[PDB]
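Visitor: One letter stands for each residue in the lines below.
There are 4 protein chains.
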Amino acid sequence: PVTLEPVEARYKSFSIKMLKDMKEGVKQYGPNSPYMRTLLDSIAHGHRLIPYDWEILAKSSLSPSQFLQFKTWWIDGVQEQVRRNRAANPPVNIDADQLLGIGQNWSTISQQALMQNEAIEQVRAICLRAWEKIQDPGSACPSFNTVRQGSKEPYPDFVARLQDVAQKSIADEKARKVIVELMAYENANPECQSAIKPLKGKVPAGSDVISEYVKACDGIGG
Amino acid sequence: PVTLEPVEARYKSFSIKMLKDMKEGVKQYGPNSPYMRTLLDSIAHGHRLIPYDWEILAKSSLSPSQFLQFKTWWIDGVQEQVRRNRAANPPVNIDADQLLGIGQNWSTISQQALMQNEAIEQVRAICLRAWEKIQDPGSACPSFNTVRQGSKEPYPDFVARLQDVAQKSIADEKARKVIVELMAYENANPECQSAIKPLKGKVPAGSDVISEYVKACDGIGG
Amino acid sequence: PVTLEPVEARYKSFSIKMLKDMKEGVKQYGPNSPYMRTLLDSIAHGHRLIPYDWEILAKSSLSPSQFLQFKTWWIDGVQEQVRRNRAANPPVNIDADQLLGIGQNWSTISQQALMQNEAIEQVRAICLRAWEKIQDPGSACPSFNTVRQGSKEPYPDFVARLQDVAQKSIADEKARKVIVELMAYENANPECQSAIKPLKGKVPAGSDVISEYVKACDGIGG
Amino acid sequence: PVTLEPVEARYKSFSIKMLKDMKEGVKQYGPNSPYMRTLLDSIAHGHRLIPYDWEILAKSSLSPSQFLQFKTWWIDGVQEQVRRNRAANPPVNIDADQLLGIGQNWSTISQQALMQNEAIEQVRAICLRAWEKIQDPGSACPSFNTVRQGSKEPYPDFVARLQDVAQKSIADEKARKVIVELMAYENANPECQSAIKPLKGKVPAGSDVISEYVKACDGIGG
Numbered sequence: 001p002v003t004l005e006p021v022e023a024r025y026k027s028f029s030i031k032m033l034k035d036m037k038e039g040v041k042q043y044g045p046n047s048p049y050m051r052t053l054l055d056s057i058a059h060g061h062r063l064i065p066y067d068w069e070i071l072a073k074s075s076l077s078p079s080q081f082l083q084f085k086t087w088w089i090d091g092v093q094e095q096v097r098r099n100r101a102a103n104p105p106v107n108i109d110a111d112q113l114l115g116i117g118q119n120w121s122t123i124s125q126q127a128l129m130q131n132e133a134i135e136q137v138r139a140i141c142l143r144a145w146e147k148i149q150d151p152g153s154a155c156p157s158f159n160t161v162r163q164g165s166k167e168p169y170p171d172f173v174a175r176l177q178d179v180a181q182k183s184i185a186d187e188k189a190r191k192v193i194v195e196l197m198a199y200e201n202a203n204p205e206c207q208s209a210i211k212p213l214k215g216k217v218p219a220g221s222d223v224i225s226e227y228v229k230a231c232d233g234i235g236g
Numbered sequence: 001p002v003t004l005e006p021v022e023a024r025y026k027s028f029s030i031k032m033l034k035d036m037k038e039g040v041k042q043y044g045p046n047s048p049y050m051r052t053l054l055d056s057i058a059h060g061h062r063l064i065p066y067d068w069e070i071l072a073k074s075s076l077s078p079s080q081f082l083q084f085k086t087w088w089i090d091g092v093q094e095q096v097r098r099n100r101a102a103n104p105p106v107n108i109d110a111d112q113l114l115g116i117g118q119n120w121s122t123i124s125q126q127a128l129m130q131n132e133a134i135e136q137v138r139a140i141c142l143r144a145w146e147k148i149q150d151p152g153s154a155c156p157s158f159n160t161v162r163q164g165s166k167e168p169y170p171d172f173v174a175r176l177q178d179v180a181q182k183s184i185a186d187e188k189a190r191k192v193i194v195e196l197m198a199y200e201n202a203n204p205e206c207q208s209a210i211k212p213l214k215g216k217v218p219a220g221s222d223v224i225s226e227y228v229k230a231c232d233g234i235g236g
Numbered sequence: 001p002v003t004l005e006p021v022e023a024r025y026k027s028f029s030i031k032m033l034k035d036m037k038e039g040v041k042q043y044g045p046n047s048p049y050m051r052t053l054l055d056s057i058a059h060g061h062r063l064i065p066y067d068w069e070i071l072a073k074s075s076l077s078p079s080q081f082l083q084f085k086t087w088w089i090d091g092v093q094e095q096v097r098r099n100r101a102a103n104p105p106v107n108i109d110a111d112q113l114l115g116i117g118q119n120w121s122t123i124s125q126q127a128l129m130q131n132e133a134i135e136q137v138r139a140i141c142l143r144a145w146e147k148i149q150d151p152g153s154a155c156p157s158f159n160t161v162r163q164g165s166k167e168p169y170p171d172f173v174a175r176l177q178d179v180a181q182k183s184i185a186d187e188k189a190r191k192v193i194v195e196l197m198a199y200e201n202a203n204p205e206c207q208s209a210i211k212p213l214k215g216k217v218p219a220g221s222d223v224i225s226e227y228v229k230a231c232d233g234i235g236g
Numbered sequence: 001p002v003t004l005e006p021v022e023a024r025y026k027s028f029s030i031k032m033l034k035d036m037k038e039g040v041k042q043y044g045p046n047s048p049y050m051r052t053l054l055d056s057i058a059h060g061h062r063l064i065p066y067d068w069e070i071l072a073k074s075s076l077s078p079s080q081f082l083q084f085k086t087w088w089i090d091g092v093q094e095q096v097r098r099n100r101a102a103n104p105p106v107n108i109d110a111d112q113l114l115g116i117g118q119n120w121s122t123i124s125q126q127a128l129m130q131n132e133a134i135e136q137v138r139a140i141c142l143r144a145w146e147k148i149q150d151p152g153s154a155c156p157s158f159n160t161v162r163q164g165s166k167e168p169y170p171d172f173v174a175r176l177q178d179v180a181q182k183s184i185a186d187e188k189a190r191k192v193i194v195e196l197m198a199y200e201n202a203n204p205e206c207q208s209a210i211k212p213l214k215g216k217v218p219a220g221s222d223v224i225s226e227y228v229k230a231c232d233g234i235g236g
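Protein chains in written order, with PDB author numbering: chain A, 1 to 6, 21 to 236; chain B, 1 to 6, 21 to 236; chain C, 1 to 6, 21 to 236; chain D, 1 to 6, 21 to 236.
Only chain A is shown next, with the shape it has when bound in the complex:
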């Protein structure tokens, strides 16, 4: 993080304790567990992070295979970023090397420290979305056709895998909501399909569609 004064910026490492908490989490819970999403966001919003710090936090906390993915989507997400910065009126002078932290203009701590708040919030959204696609260690992201509720499997465990696949694959949240409610009924088992059909497209008041489908299958299982 970059600390300030009151005009100068002083750069100080992360703590030995804080780097230890992040390692224990990703290692046990997972990188995209809801405990770590809350913990990561607590650091990103409560500190000023330059592109040099995002490398330090991620190399320590992640696996070697998981740092390859992170650096990939950080790259792939800056490319679609500049496509939107040049297509805007007025053009914004934020180029690829400033985001990624490479070249000679932006490849030191003293150089990156004097970054504007508007670029800081631009890298923060790319790096937080690059973390959302990091996979679990032996896994590969599955397709919607293969996420099917098996026999003798609880229902809320099935509709939580669906929301996982849709968070990596689909970028828009409003489009995410459309896909999950449909595949919840279609991909389910017969015993649940028995129970949902008298409720489809009808939610009484102050509730979601997903809560009403878990309530209906509540005892079915094995």
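Don't read these hints as lab results, they were simulated from the structure.
Please note that the accuracy of each hint is not assured.
To be verified - With a cut-off of at most 20 Å between alpha-carbon atoms, the simulated DMTMM-like pairs for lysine to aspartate or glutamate come out as follows:
1) D/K147 to B/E167
2) B/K211 to A/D222
3) C/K85 to A/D222
4) D/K147 to B/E226
Stated by the list, open to error - Partial selection, computed: residues in chain A whose CB lies under 8 Å from chain C:
5) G44
6) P48
7) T52
8) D171
9) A174
10) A180
11) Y199
12) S225
13) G235
We put the CB at the ideal spot given by N, CA and C, even for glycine.
Once you've looked at the hints, dock chains B, C and D against the given chain A.
Guide: Same frame as chain A, now just chains B, C and D:
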């Protein structure tokens, strides 16, 4: 239809020819063929139709089984109509019997003829949506899980079944668009899945996502 | 929690440490372990919790599947709450959105902070009962017929499963007590049934019925 | 079509009869039957067609799968059109949205009606070539290697499949003529190959190469 003067309204049957054209179509093409959607809309927007006329056109033109479905969803769609008319400020005084054309206030030709333009446009949207769910004669509406591209089957024939299932099942058009683009890739065969993946989430300019996926699989088949 | 002054209310996050203790527990012991019932109650009674805080604590500490259940029974328990608030004389003006924390009147931190103590104690009893029905991760709640003492299984381990099933299923505690004492004798194995029958319906003094049945089978096992 | 006056342009729908004739044809004969090529050309050359009209005619007359192909090659053919308009001296100011009829400059009937004759003839050649690649409903376009004269099959039926495959695949007509005359001899059956060889590369006067090969095999068959 209801013809007028210039203040009085005269009601005249459909023609012998026009009732013959509608019968030939539904019988050969289908009720929801794009030829009949255009032909039906040509009558509904170019004439004034009371609830008594929608019965005459549908009983003649459809099968006995298809008129049971039509009258069902016409009923089911008026119920969610009044739920929205009473929940509005100011309340609208359009009740169930005026839409369906029953009771004693609204069960004759002289009674229904003096309807306001605002109720006419309200029944038109319900009856045109009730026609959209009429099935093909030996068929039942399938689920999204079962619409899968078989081997030796062309690709645009597969993504046209998808848009059929999504027109009956899903009421919102913006939500329809989200479901089809996803299931197009997932439910496809391997040979197409080979071809689409280098194009997913990237469309160059002035095109749809669906046109770019049919172009890619263009020669695959059997 | 909502802290006060002496008339204003200041809202401050949970601690990084406290959110870590709750995660370790649910993850290892379980959400309804007696260690966590004591720990949760220590926070609920020793702080002021708005509906916004109950979301923060539960999303972090629970699984994605377990947060679907929690939000379901929180909804299902507010509906039977208003049924009792309107049926009372005088009517109480506590409606559904104030409990759940939705709408525009009650969907911010500054709005919810000015809640009365009587609504605070009403949401506390619903959210603490919604936590009591959260299942273990691969499990589904069983029926009383299936909770049967197997061969080579200790006796107090069997009558602890009974009290688990009766805590989720049955809402009244006085009715819970009637069901467990009966099914303890009926659902048991023969070797225990041998030992309990000379003691049924007779407890000497200052003891429970359950302690006298575990004492009797004390060495039986395998 | 766009009708005129003598400076203003009035836009009027197609007739109910004319839209009926096009539907009967494509449905029975096929979209690329020689009856429909003559009928379509009769409308395109004898009327003024804007991009809005080409959508109306094609959506009604074609299948849902066949309208996906049409819109694809209309798109793919405008892209190679602008590549030739910018590479020319002087550059022609005809851009992609004017041809396709999208954006806000060219997305209404009043906007498109004031188009110049030179753009009208440019869209006409792209849409007429997009219709030439529409496939038959269960079919996929085959490769030249697979078009082989079977046993017990007439000869002019075989060399008519060849001219079909070469019309979709190959864009240039002078190159089309070279491929068919060669593959006619090579891909044929032995009994015909017996008969053609004393005539190859020799045509007497005022005839084609193809007429002289059908004459030679005239009775062979089964």
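Visitor: None of the hints should be skipped; say for each whether it holds.
Guide: Hints, one by one, checked against the model:
Under the criterion of a C-alpha separation no larger than 20 Å, the hint pairing D/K147 with B/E167 is consistent with the structure, at around 18 Å. The hinted pair formed by B/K211 and A/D222 fails the criterion: a straight-line CA distance of about 33 Å is larger than 20 Å. A distance of roughly 10 Å separates the Cα atoms of C/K85 and A/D222; the hinted pair therefore holds under the 20 Å criterion. Straight-line distance between C-alpha atoms of D/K147 and B/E226 comes to about 16 Å, which keeps the hinted pair within the 20 Å bound.
Annotation: interface hint on A/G44 violated; nearest CB of chain C at approximately 11 Å, more than 8 Å. Interface restraint check: A/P48 against chain C, minimum CB-CB distance 6 Å, threshold 8 Å, status holds. Contact between A/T52 and chain C, as hinted, is supported at the beta carbon level, the nearest pair being about 5 Å apart and thus within 8 Å. At about 5 Å, the closest approach between the beta carbon of A/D171 and any beta carbon in chain C falls short of 8 Å, and the interface hint on this residue holds.
Here the hint on A/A174 is kept, as its CB sits about 4 Å from the closest CB of chain C, short of 8 Å. Restraint check, A/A180 versus chain C: the minimum CB separation of about 12 Å is more than 8 Å; hint violated. At its closest, the beta carbon of A/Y199 sits 16 Å from a beta carbon of chain C; the interface hint therefore is violated under the 8 Å criterion. Annotation: interface hint on A/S225 holds; nearest CB of chain C at approximately 4 Å, less than 8 Å.
The beta carbon of A/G235 is positioned within 8 Å of a beta carbon in chain C (closest approach about 3 Å), and the interface hint is therefore held.
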